[PDB]
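Heads up, the chain below is alone and in the form deposited in one PDB entry; it's given as structure tokens.
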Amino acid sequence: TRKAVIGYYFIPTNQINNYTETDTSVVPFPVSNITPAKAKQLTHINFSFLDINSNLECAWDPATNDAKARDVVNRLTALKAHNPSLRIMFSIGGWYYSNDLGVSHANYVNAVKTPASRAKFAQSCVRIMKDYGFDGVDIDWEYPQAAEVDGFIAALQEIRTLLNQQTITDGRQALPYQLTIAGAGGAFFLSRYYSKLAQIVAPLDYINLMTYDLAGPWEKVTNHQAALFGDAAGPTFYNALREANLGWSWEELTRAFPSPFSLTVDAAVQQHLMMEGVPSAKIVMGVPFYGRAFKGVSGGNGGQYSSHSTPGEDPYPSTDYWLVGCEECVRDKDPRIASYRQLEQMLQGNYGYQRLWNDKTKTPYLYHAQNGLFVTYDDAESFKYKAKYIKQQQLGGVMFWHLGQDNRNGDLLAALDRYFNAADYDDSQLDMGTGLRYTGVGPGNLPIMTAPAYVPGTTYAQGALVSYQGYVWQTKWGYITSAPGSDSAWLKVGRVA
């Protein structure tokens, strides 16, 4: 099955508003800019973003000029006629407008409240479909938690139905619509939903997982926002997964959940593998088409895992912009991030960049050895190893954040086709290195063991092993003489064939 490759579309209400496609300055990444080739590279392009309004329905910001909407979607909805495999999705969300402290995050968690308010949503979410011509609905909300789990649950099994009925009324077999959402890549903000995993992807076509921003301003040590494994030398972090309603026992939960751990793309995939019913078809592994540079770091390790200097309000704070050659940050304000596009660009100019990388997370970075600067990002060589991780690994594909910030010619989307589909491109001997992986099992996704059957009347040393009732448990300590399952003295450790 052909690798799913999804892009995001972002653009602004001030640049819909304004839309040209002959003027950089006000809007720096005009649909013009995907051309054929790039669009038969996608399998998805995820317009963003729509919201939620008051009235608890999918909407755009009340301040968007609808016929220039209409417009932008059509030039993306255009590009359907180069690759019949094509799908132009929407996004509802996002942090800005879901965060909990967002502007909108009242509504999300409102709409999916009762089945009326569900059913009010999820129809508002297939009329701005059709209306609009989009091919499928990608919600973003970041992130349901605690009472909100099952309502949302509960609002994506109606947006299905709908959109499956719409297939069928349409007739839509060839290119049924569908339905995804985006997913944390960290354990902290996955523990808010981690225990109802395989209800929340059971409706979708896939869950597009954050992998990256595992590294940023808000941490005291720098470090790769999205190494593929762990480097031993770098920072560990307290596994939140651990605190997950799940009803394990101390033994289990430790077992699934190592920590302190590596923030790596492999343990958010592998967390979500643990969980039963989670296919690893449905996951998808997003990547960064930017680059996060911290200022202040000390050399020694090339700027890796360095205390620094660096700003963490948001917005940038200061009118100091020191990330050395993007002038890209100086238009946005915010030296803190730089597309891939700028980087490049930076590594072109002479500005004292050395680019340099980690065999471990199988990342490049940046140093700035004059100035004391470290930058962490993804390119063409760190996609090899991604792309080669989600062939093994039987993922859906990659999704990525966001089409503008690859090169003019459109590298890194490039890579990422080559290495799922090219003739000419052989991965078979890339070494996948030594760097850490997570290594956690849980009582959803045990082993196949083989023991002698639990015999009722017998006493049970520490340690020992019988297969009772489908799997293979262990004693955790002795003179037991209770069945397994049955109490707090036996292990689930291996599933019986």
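Positions refer to the first chain, counted from 1. First, how it differs from the form deposited in another entry.
Here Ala226 and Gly470 end up in different rigid parts once the change between the two forms is broken into two.
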Contents of the next structure:
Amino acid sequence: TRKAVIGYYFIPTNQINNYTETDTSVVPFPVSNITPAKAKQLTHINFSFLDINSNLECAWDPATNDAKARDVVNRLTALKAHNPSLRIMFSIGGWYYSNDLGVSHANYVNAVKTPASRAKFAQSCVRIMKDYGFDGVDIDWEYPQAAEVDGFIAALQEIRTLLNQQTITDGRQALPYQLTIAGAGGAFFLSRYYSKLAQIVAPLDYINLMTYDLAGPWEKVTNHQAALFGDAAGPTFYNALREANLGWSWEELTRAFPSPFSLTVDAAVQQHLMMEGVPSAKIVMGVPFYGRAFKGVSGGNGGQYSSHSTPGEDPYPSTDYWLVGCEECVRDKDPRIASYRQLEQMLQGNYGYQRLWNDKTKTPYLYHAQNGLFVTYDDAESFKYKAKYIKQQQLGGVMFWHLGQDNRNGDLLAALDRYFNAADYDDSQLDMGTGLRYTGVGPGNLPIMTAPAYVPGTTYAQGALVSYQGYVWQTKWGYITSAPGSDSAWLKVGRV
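Show the form deposited in another entry, please, the one above being the form deposited in one PDB entry.
Only a single chain is listed, so you will not see partners or other molecules.
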């Protein structure tokens, strides 16, 4: 099974309305920059972002020039001439539209409320897909809360039904229409819907975990934003999942959700695999094509794990563009984010940066000794370890934000495709290091065990192991005369 390679294509409305493929000053990353070689290295392009309007329907930004928008999408779907497996998805949501404090948040809550609203919203998704020529629907609601999850589920189920019927109607058995979501990659947002992961993922082809932004100006201690494994010297976090409305016992919560823990990519993946009904092949690991920069950091450890003075507000509440050498930061008016393309040029232009490597997290980072700056980012080296992880854990593939942040040669995308598909690349001896692994155990990743069959009428001592109804159970205290599952005394510890 070929690994998915899902690249976001993001274009703001102003750039759509003024679209041109011959002037990077207006449109920095036109569709023409996606060469045939790059199209062949992708399996999915997530066009972004559409929204949910006050009519509770999928819709473009109301300021969008529809004729210019159709032309942009047509240029993307023309790329399928170079890659018969390529799908041009469209994404609904993103942080700006759909976060709790976002401009359109209430429309997401209201669209999934009722059977009538869900049917109307689901129909509009398929309509938009067919009217503009997209190959599937991606929903990036960041993020539905506990009371909204069941409606969110039924809406996804409704879209799945309509997409499957549309696949048959259009003869698309060879390339069926698909449904994906961007899912939270950290435990705090994940706890909103974690208990219902199985019913969320059931109608999806993939859940694309946003396993980045695990550090940012909203945290007082600098850190890697997409550490693969944990560094004991770095900060640790409250494991919010132990508070999810799971109904598990104290022992089950404790063994599944050690706290505090290292907020890493491996943690997010393992937390998903701990849940019953979440298959590894549907889990896609997100990676960032951008870095996050911090100022006012101290010395002694390359700027890692230090206090900082980076503004947290949105948008950037100043004109102080303090990321030395970041020309894109001036154009975008924000020194806290830098594309890999810009970071590469900052490393090549003598601005005082050093590129350092953390062999526990398996991620690079920049340090500016003279102005106290720290940048966490990913590159082709960190992608070696993440690609091997994807293969070892039998995940569905990789996702990234976004195509316009790769360098001009497309080195990041080419690296991902190479690590998955190149016949002359061999990572069998790649050293995954001694960084901290997430060691939680849950119902979905219980180890295989053997035990004598449970015998009704037997009195079991503390620590006894029995097999019953497909699982191996252990007594939590002594003098146990009840059957596993009928009591508080038995802990499910294994399967088969």
